[PDB]
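Removed: one protein chain of the complex. Kept in place: all other protein chains.
Note that the chains are named A, B, C, D, E, F, G, H and I in the order they appear, and that numbering of residues resets to 1 at the start of each chain.
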Amino acid sequence: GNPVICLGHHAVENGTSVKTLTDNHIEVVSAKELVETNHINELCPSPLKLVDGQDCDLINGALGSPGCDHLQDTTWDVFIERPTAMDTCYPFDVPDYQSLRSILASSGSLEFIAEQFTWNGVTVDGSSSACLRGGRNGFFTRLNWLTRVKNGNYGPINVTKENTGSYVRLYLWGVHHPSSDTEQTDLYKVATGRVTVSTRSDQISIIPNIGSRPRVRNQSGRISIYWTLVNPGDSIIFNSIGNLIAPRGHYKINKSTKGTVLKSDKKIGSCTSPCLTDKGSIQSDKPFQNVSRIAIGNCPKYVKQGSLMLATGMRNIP
Amino acid sequence: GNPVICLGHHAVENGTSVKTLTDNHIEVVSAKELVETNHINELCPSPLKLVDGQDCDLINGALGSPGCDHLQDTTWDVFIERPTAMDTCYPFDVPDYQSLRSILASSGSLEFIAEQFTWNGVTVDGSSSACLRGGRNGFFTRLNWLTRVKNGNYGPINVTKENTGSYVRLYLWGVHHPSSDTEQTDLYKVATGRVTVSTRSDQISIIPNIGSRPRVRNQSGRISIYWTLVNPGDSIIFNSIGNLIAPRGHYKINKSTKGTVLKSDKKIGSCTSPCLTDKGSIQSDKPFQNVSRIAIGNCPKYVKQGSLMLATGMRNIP
Amino acid sequence: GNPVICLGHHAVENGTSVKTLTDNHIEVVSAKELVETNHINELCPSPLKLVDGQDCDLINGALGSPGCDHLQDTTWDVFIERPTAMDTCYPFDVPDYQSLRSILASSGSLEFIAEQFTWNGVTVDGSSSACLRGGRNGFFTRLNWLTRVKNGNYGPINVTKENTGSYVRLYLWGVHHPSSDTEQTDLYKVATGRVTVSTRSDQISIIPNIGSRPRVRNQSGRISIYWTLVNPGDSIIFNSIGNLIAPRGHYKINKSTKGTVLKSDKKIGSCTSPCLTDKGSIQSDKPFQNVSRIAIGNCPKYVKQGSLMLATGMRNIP
Amino acid sequence: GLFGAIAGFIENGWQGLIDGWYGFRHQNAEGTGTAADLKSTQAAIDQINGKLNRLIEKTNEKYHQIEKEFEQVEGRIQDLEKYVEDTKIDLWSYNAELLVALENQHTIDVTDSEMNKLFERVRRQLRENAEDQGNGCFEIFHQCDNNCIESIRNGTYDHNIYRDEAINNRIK
Amino acid sequence: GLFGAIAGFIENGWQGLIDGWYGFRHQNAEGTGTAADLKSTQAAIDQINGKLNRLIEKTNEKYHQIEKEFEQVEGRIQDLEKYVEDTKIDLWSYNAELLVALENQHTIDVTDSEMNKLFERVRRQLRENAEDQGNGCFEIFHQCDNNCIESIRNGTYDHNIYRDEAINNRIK
Amino acid sequence: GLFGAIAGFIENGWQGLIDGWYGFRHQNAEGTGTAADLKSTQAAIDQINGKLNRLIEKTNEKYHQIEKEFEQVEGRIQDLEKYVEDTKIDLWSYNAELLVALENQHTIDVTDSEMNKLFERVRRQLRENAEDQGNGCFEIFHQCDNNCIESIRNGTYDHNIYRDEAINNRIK
Amino acid sequence: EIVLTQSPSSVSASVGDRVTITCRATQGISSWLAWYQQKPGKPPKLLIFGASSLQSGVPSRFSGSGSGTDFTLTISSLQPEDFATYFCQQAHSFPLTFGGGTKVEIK
Amino acid sequence: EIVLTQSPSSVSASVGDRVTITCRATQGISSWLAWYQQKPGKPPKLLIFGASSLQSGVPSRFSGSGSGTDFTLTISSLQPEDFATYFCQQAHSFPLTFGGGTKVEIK
Amino acid sequence: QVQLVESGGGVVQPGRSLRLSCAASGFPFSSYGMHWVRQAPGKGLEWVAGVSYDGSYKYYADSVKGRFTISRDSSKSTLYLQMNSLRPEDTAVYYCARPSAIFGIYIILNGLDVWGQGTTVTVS
Partner (left out) sequence: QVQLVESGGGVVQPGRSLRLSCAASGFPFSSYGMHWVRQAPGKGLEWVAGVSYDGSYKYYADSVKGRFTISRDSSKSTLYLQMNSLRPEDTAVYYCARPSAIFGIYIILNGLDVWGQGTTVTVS
């Protein structure tokens, strides 16, 4: 009957299974989950500054369509487009639509710097029944519809603006594509318009095209929206003999620096989370996640797996 | 002379060399190769559904050029373009050719939903000696060449088609670029044509330019091919006072879901393989491969190495 | 007092700290830095063949603007654009500017294969006071400004050139955008010009637009620069009734094979390094670097870490 | 494990060990009792916590990205925007799968090492007065009261004390 | 190896061992013979197959991708479509080169361990009836016929049976 | 370390040991001295150098790439060209961070192993003539002049020569 | 023993300041440090265990750092209720040691 | 001893050729090879230690390979100053062995 | 829910004895080791005593060794701090504290999760 001293290790009744290099199912005492699979279902307004267009997409907000009155001068870290956003104004298309909405979303600002232009020899502030603001004919709040002098000519526009500031100016303008040769002559008196916006280093010129388009808001015509950037020291020139949709100023090109747009339908709650997704916010300390590939902020890295168990204990052998 | 019991390990005469973290050449007993380097040299028609154009590229098949009669109403998991594919019809270019090819290939379907149009005020079914279908003047099977009424006007076209189905309609149309002011007036009687196709959210309008291009099949003119998508609920309008190359229906936008196109010249065998390459199919259980970066299906991951030996045994020391 | 033999290991006074899987600060005997953080501040002209435009960007060199006389027939492994580069000729834009630069930079050659054209019915060799070459009106060294016959017509141009050679030809041409209807008729006598350049497979036609742009070098008009590739066996046709900026030959499409462009302001020294960055050359045997993401040649892989210490010794315990 | 102590010559674990990861379990004249071992338990936890902290450092923070969902076929550009994201997701998924499997293989070997470490420490303590029964227990060939047991567990056991009794009981 | 049994104190391998990966080789009065050891051989094979099955799971299945070959220079878009594919291939080739080199370094260590595992087991069996010659062989200080040998190889050997004979033959 | 020799039962290292990574340090009748061991030192350096040479192979050589710095906002295409480059830099930075952290964990384990390899080799040499004090030293229970010491360090020590003397001094 | 040394011994700051505190011992106490909050007349509350692991329910502004030798308690955006005296704890081996206290006053 | 066998004994080549040289021994000397450059009447200069590690200052065109049994010295782009006689060195265990010499003449 | 209640603090003369008690609630008391920590009034926290889960291994501070006696009871789930030979140095606000459970083990040597309200011991 000699004394014996034994050496061992702890164990538990129900252990956790983990993967290793040499086995798919090894039971260990304790393990932590590294893949986050849950979300709040609401977008947390902290610490990221959010902006809800909530009836207006970003571009409609930049142009100033009826619904987007609340978006003026807004600043954001994340703009939020909704699926319920609706066009409300004269029908328009935007060549390279995703590029101009990704410039407005990076800049993270709808601050419109208003400027006074002198469109010599044209009627101004035209409105359309397809763009109603309070049951009344309106237009884009940041665009000026120019038509011929009342019973007169479309005096040739040669307006210029020099960028004196230290920032890059983003000008939003457009070109009206009439529906019939009557409308063209009824509005600008030329048989064929022309819009040429230019800087010293880049230019763009458009001659409109008459024809029938599907009726949108009882309108068969269209407005093609364009944009021109102006660097400090450069000058922009709006030259047109017809069909010009003039600007009312410019936007300020800001720095990306957590500025983007997220297309979601979830309500903005009162929570706090440094990570947003299209499916809501993520609150976790885990490295990975299977919530959504769309992730904005300090987020876990999106993976395909739904569970990756890291072993935090020895081999469990009861 | 005490008894001795020894403990050891097996060895072989010729071992295999593998890499470790601390040596480029370590001889172990056994090792498995992880990089597949061999292909069948034929394309296996199983389990993936293949389609051979075999004289027709995808776009020529979608338009209906003479050779592509066998591609009508075909469906595929993988379309196969040959290097021996040839143009067979009126010379044509496609702005953003690659995209239209990608849109057709990903849909994986050449089912042409035919439609009856009423092109009021034009001659229909035009044909050209550059596009022969059985020693006879023909044209694209999916396009309708419209010219002015015989000794009459090119009565303006204002046709509209509403999307009633649940799917997205792909319309393939074109614009004729004549070779001389004679041809333009000989055909459509206007000095300058116009083609305006539009939906409620995106539009396109083309005014054709006249001039000489290199003779292709004894034709100096061209036809620019365009396409327009129509979402459910939306309507498309074909408005043209001249030079319109009208459609005969639309294609149905399907789901990508193993739908693509592979440019190869290898024959289609009778084998079975879940992976295709431009150099033929791959039949392997290995993780990696140096056959080709072009790999469609359940394929090993292309790497740059030709041999990665995984040690499947102990150190071999004879 | 039995003899005792001890077994141990070496240590040093001041050891280095390294990271492991289970600790951030472990002091080992010796360690090697794996991240290179130093650069020469000069670009090494060996073994990579460099070319300094030094007042001319790559496109200005291809067109042959005044300052770029030294870039003629240059060949490079890396072209070096400077921030001090300045336009010196008639104001011009380039649709898809970045692509033409990338096409030129990848070929790695400014060898201009001259060609003799017969522009029937036009005045040739036009110049402009905006483009001075030795205090004298000049033009792009690789472009020919065509204007109407003296007091005559802009006799229609229908010039063609077959690609007999085995290489792909890059033709650089342009379209003049006048500033007033006077200039358009003073120069080419047609109220509206047209430029149509085409091959058997791809084509492009431009009708120029008149209007005022900001004065650059006392010029309100512009020239839009385009390019057309011609494969062996194909033929290119320059068809224009007005405003054509004709070519004087073509460039030769070469193989990428260490051919690119680097935007840097560092002087070209006399050192030797197989790796160039915008901040200068890297001379290292380390795997990683935090100098710059812009790295041309046999370079260490850019990482975000500034220091990654690899343990080259045992644990140091004094 | 690489050392074959846990799931090796140590048959199974002790669920009665709730105050530590490794422990002693003795049988002397006065009775029987179990005590955890702090040093071995702490060394294992430090290396697990150490690699846990390494895996949590929040380094991923992007705001402006590329679109990852599309409401209309476009072709070339969309194909690339998709293929770029798919390529990234696959690579990160591999980086995660390999990380977990590798860290676990190391984790299990570390815990198997610390168990053998403790055993080898006690082996060197007694060092002629006991013998390795094989199951992780030492047959102590001398009387070892509770004060003697504690001396083995807090590292003050002087083998020269019992060397004369122990060798005699072993050899004969 | 990390344990230095294989390519270590075990001089070399036995090509005559064709019924296993690890085995015994004895010399008693009756003669000499070799027999493999199942437990050690199985533990090694199961850990090589376990990591072989992990490396074959077919997870890479892509059909619509971006174009990776081009018949004409295009510029910006082509540069990106190429640079994307190049960036991917590099990252996978590294993912493959590191995987093999690391799995091999671990593999060789596992087999070296399983060898040392078996040696340690037999060491704990005899206890004081044998001594470590150093070459992986034990000098058994008593008469051990073939039934006694088999008792060592199937784990039934009782050291208390030959303890008197063995200690006496060692000490004197 | 996994073996617990370095930063384990070997209390600290020797700064006086400048000609090697591992060495002997003795105390006999004639005095005291320290000499490095070549075999152990050579093996450790080989595996460190072997993994250093693997990490230097120059395999990154690209010339035409995509633009990584922009002077004007452009939108979709620029968003992709920036996202592609950022995704790459992230993955390589992780590849590097994991590689260093892993190669170091293995390096420290290898050196800890080679220290234990040397200790186990000497343990098997004397093999009844010495006892493990625990601190990495062996109490040699017989006279061992400097020639006898060198015979231990160059592997020519015959234990059968001092076995009678040593066992007598241990047991009594 | 193991001697802890908190620095500074006291500090005044306004709401919204980046507060930094250090715990400083002698032995290698690995990662065994426990920071505590203490209001006058009230028992402590565990803020950080493992020297970095945030306690459940404690706001994310409290953060801990350090390993082995040098330890640190950082607070990003101080709040009115965060006015308290703070103690660090050694937990590597017995006996358990605490610090001299680091109180945050009003500025 | 350990015998080194350099193959070939000599070679002629023009500037820019891919030159291959082998060092070949008997024992396992896994990584302990040293390649030396030698001009007539001059002492050697260590080119490659560790059988692959490039010496500090030596151009990257000099490359060594091999492990244990078969060693190799490769030179990618030969230069006029590289015309020299090359010696490999065993460094596993005493005595130090050297090769028979591999000279590079002019072609 | 889970908390610790203290008691026993009063005014006492030097040299005599007291007994302070700590009743647990809401957690498996007999599974955790427990600690007594005293805050000397004016000074910081000062660990004084600690006991294992079973009660066989007891750890004391060098200032109270052989003077104070810790003990526990599974049946009442209460912690006892028997103080003998009191003196004004021992004047302090006494806290019974619970070392934190980590991973799966209920270690005795860790940070302290739960504290009692604080029972003051005055020695004049």
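Quick note on the criterion: contacts are C-beta pairs under 8 Å (C-beta built on N, C-alpha and C of every residue); 3 or more make two chains touch, one makes a residue touch a chain.
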{"item": "Given F:18, F:29 or F:161, the one touching the chain that is not displayed", "value": "F:18"}
{"item": "Contact with the hidden chain (one of H:62, H:71 or H:87)", "value": "H:87"}
{"item": "Interface with the undisplayed chain - residues on subunit F", "value": "18-21, 35-36, 38, 41-42, 45, 48-49"}
{"item": "Interface with the undisplayed chain - residues on subunit C", "value": "10, 12, 29-30, 32, 312-313"}
{"item": "Hidden partner interface residues of subunit H, rising order", "value": "1, 32, 34, 36, 41-46, 49, 85, 87, 89, 91-101"}
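Note that only the chains that are shown with their structure count from here on.
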{"item": "Of A-I and F-H, whichever chain pair has more C-beta contact pairs", "value": "F-H"}
{"item": "Pair in A-F, B-E or A-E that repeats C-E, with over half of contact pairs matching by residue number", "value": "A-F"}
{"item": "Where subunit G and subunit I are represented by their mean Cα positions, the distance between them in whole Å", "value": "22"}
{"item": "Inter-centroid spacing, subunit H versus subunit A (mean Cα positions, whole Å)", "value": "63"}
{"item": "Touching two or more other chains - residue numbers and ranges from subunit A", "value": "10, 12, 21-22, 98, 102, 106, 312-313"}
{"item": "Contacts with two or more other chains, residues of subunit H listed in rising order", "value": "30, 54, 60, 67"}
